[PDB]
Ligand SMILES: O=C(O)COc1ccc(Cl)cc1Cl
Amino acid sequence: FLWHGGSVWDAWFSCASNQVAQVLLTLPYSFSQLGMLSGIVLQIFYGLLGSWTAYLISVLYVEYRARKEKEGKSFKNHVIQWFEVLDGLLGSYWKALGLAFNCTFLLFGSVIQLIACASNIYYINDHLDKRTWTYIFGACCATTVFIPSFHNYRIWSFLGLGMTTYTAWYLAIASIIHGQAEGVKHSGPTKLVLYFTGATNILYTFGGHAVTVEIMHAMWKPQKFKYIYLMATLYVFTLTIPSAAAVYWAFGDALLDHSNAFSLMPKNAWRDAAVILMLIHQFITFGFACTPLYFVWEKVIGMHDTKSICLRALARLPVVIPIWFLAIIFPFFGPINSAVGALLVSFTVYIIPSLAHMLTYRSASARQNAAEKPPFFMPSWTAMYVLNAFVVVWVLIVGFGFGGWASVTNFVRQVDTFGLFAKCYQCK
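In the form solved in complex with the named molecule, give the structure of the chain above, and only that chain.
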């Protein structure tokens, strides 16, 4: 009860901002690297852990606002940010950590959208290789230095949800109708590097929810908290499990060579519709990631105020040129999710939110005068502390130690094979 979350519409507007658009096409690859038994258990595991960490971020936001409003403060005409909460609760070293990590991740999450945009357009008009489509789409994305901000974020998310729901159910039904071939093989785990570069792509997937609660996070007065609101957290499962299971079931071990699943499906108007919807979706996730970087760069350089559109744009172009060169040089759609999710997501989404919560409520004085008692599904404090320590140690060893070695070895293998400035990655 009294969950500071809102009504049914705001509650579903939080599951809408659970971006799983682009990574949806690289999950059969991970299944072919792991097998059927490990692919499902790990998806459920990481989905539950992601929901837990999102809850942690929420309770920390509420704790900070509640502490600040008591000593005398007005939060009117001023939205709170993540690094501000970290600075207010822990100190300045945490304000530096939660800024460096959240800026590096936002830099590397747009290279991926540019790569995917240049990759999916190849399965409509394959007269120009993927590097020329990267030239063209980078020149198109370098025009976001003219769009100031977004006037509305509700409609974009509510349309992205449907654009994802069409593709996640085309990929399953087309694969079922196509059936199995004659002499396809489902070999499970063979090498270690492959198992652990698949597990990290699965870790990456379920950290997109908590990453938005670290940037926008709108909150308001509490409501009565109908308990049906929880049934919107487990709606990404009907998007990710059937589509990834039914493509691997049909196409076997031909997927450890094709990271984009559109390359195996038979061409039809439905496939063309899904490519276009995915392009429209991945063109929105690029601006929603490049806007905070623009804001932070303008604040840092000391030029927040600008009246002409020609001055803002011109000053705002050391931030989109490395996002372009990095997409041109390393165009590895699918092997890059593992590296990014092993080096940045494991710290941004999992270890830091659970370490801040452990370090905040250390003393009994901080635990008796708390803004929110422990939830109904976790009564004691020892339960929360044990769960946090487990999350920290697990993501530290399996997510960073093994995942890191495996994913970086795979990323270097791709460069050894295809070279730098590759012309067409995984084209016949």
The other form holds:
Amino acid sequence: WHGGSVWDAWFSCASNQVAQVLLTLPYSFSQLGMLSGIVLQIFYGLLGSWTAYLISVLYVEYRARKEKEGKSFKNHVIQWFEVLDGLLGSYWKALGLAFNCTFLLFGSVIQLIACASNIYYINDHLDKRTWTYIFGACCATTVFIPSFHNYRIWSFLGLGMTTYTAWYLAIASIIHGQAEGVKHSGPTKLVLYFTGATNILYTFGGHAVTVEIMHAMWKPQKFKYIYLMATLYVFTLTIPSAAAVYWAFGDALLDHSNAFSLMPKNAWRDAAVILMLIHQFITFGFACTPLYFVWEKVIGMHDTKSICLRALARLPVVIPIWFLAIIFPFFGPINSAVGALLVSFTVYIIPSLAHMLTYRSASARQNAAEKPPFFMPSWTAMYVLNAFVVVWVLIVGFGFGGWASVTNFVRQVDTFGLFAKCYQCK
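Given the form solved in complex with the named molecule, state the structure of the form deposited without the named molecule.
If you are looking for partners or other molecules, they are not here, because only the chain is given.
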């Protein structure tokens, strides 16, 4: 009944997403408001915790089904598409593989964009496109990276830096005060409201892709609701900073998708920028490996003796990332687009549909691995909740959210143009 092996991967992904999306929350607040912003944050955090629970339950089910026949996974890490293939069929393996690949690609693109933006805000002698030139090389010389373990130790430092950045933002905006005449408009247009809602949905989207089977022996008595504990700490990180920055700076955030552009300049802001950039650069070396792994699986040059051949096979994975990070440098709305188009299907809809399909027949409900938990004492309860999750994330998270986000993105293009030199620079 290994559960703690999945919590590590999920916590790593969540702690990465939070720090990736922290700086663009006041923008979405100014688009939404305070009431709607806070309420949607709480709503989506709870939904994300619920889906992560289902992912853990499916992992345990698959493992217990496969160990019954006599197949061992020693010295191997289970993949999510392997789980879907072992539980449902082939089409689900295909769907999982495709969506995971696209999601990792665009996560890498977004991280490169963020690095360029922050390095601009520490030194502004070179425009953001030249900083993208410079950092593309430093992130394309990463093809020589082997498989790195120990994600938990790095995650517990990433959180230790994100907490400093968040509380700096909050306390600095509180001490700065608010200027005279600052206006708070609230929700006025629909496209703005829904692109903000989708940027909020993107925050709590993180899931386990590869889980090590080494820690199946552990069984602790203090790990009851670790998912809810992680979500509560993420709330403590993300609500005060965004609320304080929005309250202090008003409507001037619709033209600044990076909150470092409005804060005053002193030593503490320099420390915050430096800590954010270092964290952002390292997590690229941790997010690269799965995509390289899958690609080398496709090309078949995996068991290679010359490391240089691995670099030659991996260059066509870094070239489109660099080209996309140069051509579309939109730091704010790209989160909304990626969210609406990929996270709604990867984190929210496919886990629920898998849990609703694998347990349809009573022969699989009587011989299940894990019974329904105490807070959901019946199967009908879980089916109703999964149906609501699917319908909601299909209508709002993809219907209105996708349309609004794509229209906002196209307006950004028609305003700034292809290959923008400096996006939102005075």
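Positions refer to the first chain, counted from 1. Basically, rigid core = biggest C-alpha set you can superpose within 1.5 Å across the two forms.
- Taking the core as reference between these two forms, the lone member of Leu317, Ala269, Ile301, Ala218 whose Cα moves by 2 Å or more is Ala218.
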